[PDB]
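Colleague: In case you want the letters, here they are:
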Amino acid sequence: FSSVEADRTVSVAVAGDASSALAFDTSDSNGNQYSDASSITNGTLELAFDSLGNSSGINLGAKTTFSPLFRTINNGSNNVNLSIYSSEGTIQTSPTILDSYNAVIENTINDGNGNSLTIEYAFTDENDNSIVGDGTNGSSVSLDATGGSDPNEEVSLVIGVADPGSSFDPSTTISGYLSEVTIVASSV
Amino acid sequence: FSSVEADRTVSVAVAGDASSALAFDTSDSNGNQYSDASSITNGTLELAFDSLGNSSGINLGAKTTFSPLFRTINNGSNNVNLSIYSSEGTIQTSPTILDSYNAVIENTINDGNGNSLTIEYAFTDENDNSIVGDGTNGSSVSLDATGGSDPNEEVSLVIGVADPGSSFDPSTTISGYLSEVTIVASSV
Amino acid sequence: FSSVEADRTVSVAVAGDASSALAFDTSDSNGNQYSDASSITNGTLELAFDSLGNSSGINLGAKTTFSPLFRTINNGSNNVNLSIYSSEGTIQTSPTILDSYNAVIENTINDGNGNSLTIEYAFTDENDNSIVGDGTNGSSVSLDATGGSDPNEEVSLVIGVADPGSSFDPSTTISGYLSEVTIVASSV
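Residue numbers (PDB author numbering), protein chains in the order written: chain E, 28 to 215; chain D, 28 to 215; chain C, 28 to 215.
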């Protein structure tokens, strides 16, 4: 009624690695690292497939499948549909190289004195389901809310690369690959 | 006219939670309540993003949108422009992390052996419009007077936090965050 | 001179609302009532914040400021200084909650199984001066009588209440608040 009101107060906190509302751990107690393909976050989760040592990244002209990779944690106030839609790349359905799974993240680049090289990505999760984000249909998996009993996420990955016998070479420049694989855990 | 007149009497009452000239409540229905992000006021309403059960706060380098959050109730005999702005932070326009909305409440913090980390807050109301208080222009929404027919108000929220490149770490100290989120429901 | 005289007769007329030497009014033609915070005098003028409707009083921890409230009307001869010294309450300077203002009327109350809650008042009118009573210095404003030009008076009000996070609870009894806000219009 014609007045101001200043009774509010707030407390906030930030946790980058293992205590956010939606976190990622990538390790097992008294066990092993799930895989060093992805490393413990430095304050931001990172994927390092493009370089391993004793191998200059992915092997061309074949299918490279990666182990469970990083797990996920949810503690928000609602059940969530975790999904990955990879803003930088492009959503593709009915894959051209990884023709088994339903939908994928597509990327393509060229040499510079050579032309298209085609690559494809898919995150397979629990029953090999391709978790490929939210789109016209996208793809997602169910999760438990704050507490609950059972989160069920160990998001595996598959990398597919074409095999051009010409119009491409594995030497010299290759333009930038994908980055910024966004994650969504919206409500349902 | 050269005389005193003790002609007056007055009655005053105080109520902090659900019955006042301007009230904030969570009284949806026989079915549900509006999320755990802001518990019922203890005498003064409080925002509790500091912790969500297992989680110690918010994700870095990501956008954390939140549910409708607390509602607002007006009971004064005037259509009032409800608005929100923190006296501890500062008003910013054309957000650096939340670049969709028009304006935000900007806050920043640092590690102590690591320098700035940036963060922004936006309250979106019943239609995703950013309420950011009263300023040179600010932002506000309409309301109904005493009784009226439709207070038709609920204040949504979004939290955006920048990503730390190599100049900040969650480890060790993080200086104080925002507090005292004031509110204005002045006369239009 | 050893005798008595009885040449006496002079009438007395009483009117509780408008025709008195000092009076109060609340509305004007073809327009609006100033506000229902103080309804028209029933023979005595009352302040009714306790029952604003759809509310149980004033918000805690807020600078509850109200509309211009009642005006003041004079029909006497001499210019007067108008002030409110609130016999029941206490006079305080350098307010503790409404700190910007000069002087205030102070009151405090408790729970019975809980302790002090602090509240404060002040009127503004022209100059926004407290107009709080006559005391060691008090606070007053000038007013004209028998027309001439006009009284040019309208006494607004502000209500401040503290924000105790403990030692108090809205629940259960809150002992009596202020009453008898006395008014003085004295000679100068």
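Rather than coming from a laboratory, the hints here were simulated on the basis of the structure.
Incorrect hints may have been included.
[Stated by the list, open to error] Okay, the calculated bits of chain C under chain D, using three or more residues with CB under 8 angstroms as the criterion:
id: 1; segment: 121-130
id: 2; segment: 153-160
id: 3; segment: 179-193
id: 4; segment: 198-212
Heads up, the beta-carbon is just placed ideally off N, CA and C, and yes, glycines get one too.
Colleague: So, for every hint listed, does it hold in this structure?
Modeller: Quick rundown of the hints versus the structure:
Counting residues of the segment 121-130 of chain C whose CB lies closer than 8 angstroms to any CB of chain D gives 0, which falls below the minimum of 3, so the coverage claim is violated. Only residues whose beta carbon comes within less than 8 angstroms of a beta carbon in chain D count, and the segment 153-160 of chain C has 0; fewer than three means the coverage is violated. For the segment 179-193 of chain C, the proposed coverage by chain D is satisfied: 5 residues have a C-beta within less than 8 angstroms of a C-beta in that chain, meeting the threshold of three. With a threshold of 8 angstroms between beta carbons, the proposed coverage of the segment 198-212 of chain C by chain D holds, since 10 of its residues qualify and at least three are required.
Hints 1 and 2, counting from the list given before, are not met by this structure.
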